[PDB]
Amino acid sequence: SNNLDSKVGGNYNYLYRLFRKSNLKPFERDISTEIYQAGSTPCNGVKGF
Amino acid sequence: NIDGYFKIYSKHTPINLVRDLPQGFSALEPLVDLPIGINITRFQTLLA
Ligand SMILES: *[C@@H]1O[C@H](CO)[C@@H](O[C@@H]2O[C@H](CO)[C@@H](O)[C@H](O)[C@H]2NC(C)=O)[C@H](O)[C@H]1NC(C)=O
Numbered sequence: 438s439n440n441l442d443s444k445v446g447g448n449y450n451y452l453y454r455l456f457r458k459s460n461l462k463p464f465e466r467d468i469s470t471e472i473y474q475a476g477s478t479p480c481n482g483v484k485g486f
Numbered sequence: 196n197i198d199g200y201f202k203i204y205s206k207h208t209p210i211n212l213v214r215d216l217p218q219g220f221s222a223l224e225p226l227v228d229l230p231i232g233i234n235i236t237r238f239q240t241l242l243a
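Line by line, the protein sequences are chains B and C. Going by PDB author numbering, the first sequence opens with residue 438, and the numbers climb by one from there. Going by PDB author numbering, the second sequence opens with residue 196, and the numbers climb by one from there.
Among these hints, one or two may not hold up.
SDA-like, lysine to any residue: derived pairs with alpha carbons at most 20 Å apart [as the list claims (entries may be wrong)]:
1) 462(B) x 196(C)
2) 462(B) x 197(C)
3) 462(B) x 230(C)
4) 458(B) x 479(B)
Some residues of chain B that are not near chain C, with every Cβ distance over 12 Å (derived) [unchecked claim]:
5) 438
6) 441
7) 443
8) 444
9) 447
10) 450
11) 453
12) 458
13) 476
14) 477
15) 483
16) 484
17) 485
18) 486
Computed beta-carbon distance windows for the label pairs [as the list claims (entries may be wrong)]:
19) 480(B) x 232(C): 27 to 33 Å
20) 459(B) x 218(C): 43 to 49 Å
21) 484(B) x 227(C): 43 to 49 Å
Rather than coming from a laboratory, the hints here were simulated on the basis of the structure. Cβ coordinates follow ideal geometry from the N, Cα and C atoms, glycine included.
Chain B with its partners taken away, still in its complex shape:
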């Protein structure tokens, strides 16, 4: 899709999910923007270590 979807600085309008707790189910769609806990600590609010 080069010709239509590519932009020289970057067409950053395209997102993919990168971090979550488990893998999803067949034909599931998940719309979350909630913060992933990558450490053992719980995470709360906007961001954290």
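Here the structure of chain B is known, so what remains is to put chain C with the ligand in place on it, guided by the hints.
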């Protein structure tokens, strides 16, 4: 719901009883299927 397809089966039958769910036999026909894809954990009815 099966894999996102939400399905209804039903039966309306006439009766004459003033006690619990009529002891007897019948089958529900399929009525509709809608491809809603949603999660349903829970539900409620609607009175009037
Ligand atoms: C549909 O929603 C339910 C409830 O939100 C999901 O089940 C929850 O899953 C989390 C993570 O495993 C648990 O912490 C909750 O305790 C669960 N609650 C209930 C009532 O199930 C369920 O996984 C969702 N289904 C899909 C396919 O996303």
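To see whether the hints hold, each was checked on the structure:
1. Taken as a hint, the residue 462(B) and residue 196(C) pair is honoured in the structure, with Cα atoms around 15 Å apart against an allowance of 20 Å.
2. For the hint pairing residue 462(B) with residue 197(C), the CA-to-CA distance comes to about 13 Å; that is within 20 Å, so the pair holds.
3. Between residue 462(B) and residue 230(C), the direct Cα distance comes to roughly 16 Å. Compliance with the 20 Å bound is thereby established for this hinted pair.
4. With a C-alpha separation of about 13 Å, the suggested pairing of residue 458(B) with residue 479(B) holds against the 20 Å cut-off.
5. Non-interface status of residue 438(B) relative to chain C is upheld: no Cβ of that chain comes within 12 Å, the nearest being about 25 Å off.
6. The non-interface label for residue 441(B) is consistent with chain C: the shortest C-beta to C-beta separation is roughly 27 Å, beyond 12 Å.
7. No Cβ of chain C approaches the Cβ of residue 443(B) within 12 Å, the least distance being about 31 Å, so the stated non-interface status holds.
8. Every CB of chain C lies more than 12 Å from the CB of residue 444(B), the least distance being 32 Å, so the non-interface label holds.
9. With a minimum CB-CB distance of about 31 Å to chain C, residue 447(B) clears the 12 Å threshold, and the non-interface call stands.
10. Taking the minimum C-beta to C-beta distance to chain C, about 24 Å, the non-interface status of residue 450(B) holds against the 12 Å cut.
11. At roughly 20 Å from the closest C-beta of chain C, the C-beta of residue 453(B) stays outside 12 Å, upholding its exclusion from the interface.
12. Listed as a non-interface residue, residue 458(B) keeps its Cβ farther than 12 Å from every Cβ of chain C; the least gap is roughly 16 Å.
13. No beta-carbon of chain C comes within 12 Å of the beta-carbon of residue 476(B); the shortest separation is about 28 Å.
14. With a minimum CB-CB distance of about 29 Å to chain C, residue 477(B) clears the 12 Å threshold, and the non-interface call stands.
15. At roughly 26 Å from the closest C-beta of chain C, the C-beta of residue 483(B) stays outside 12 Å, upholding its exclusion from the interface.
16. Residue placement check: residue 484(B) keeps its beta carbon more than 12 Å from all beta carbons of chain C (closest about 28 Å).
17. Every C-beta of chain C lies more than 12 Å from that of residue 485(B), the closest at about 28 Å, which supports listing it as non-interface.
18. Every C-beta of chain C lies more than 12 Å from that of residue 486(B), the closest at about 32 Å, which supports listing it as non-interface.
19. In this structure, residue 480(B) and residue 232(C) meet the distance hint of 27 to 33 Å, their C-beta atoms being roughly 29 Å apart.
20. Separation of residue 459(B) from residue 218(C) is about 45 Å and conforms to the stated range, judged on CB atoms against 43 to 49 Å.
21. At about 46 Å, the beta-carbon gap between residue 484(B) and residue 227(C) stays in the expected band of 43 to 49 Å.
Of the numbered hints given earlier, the model fails none.
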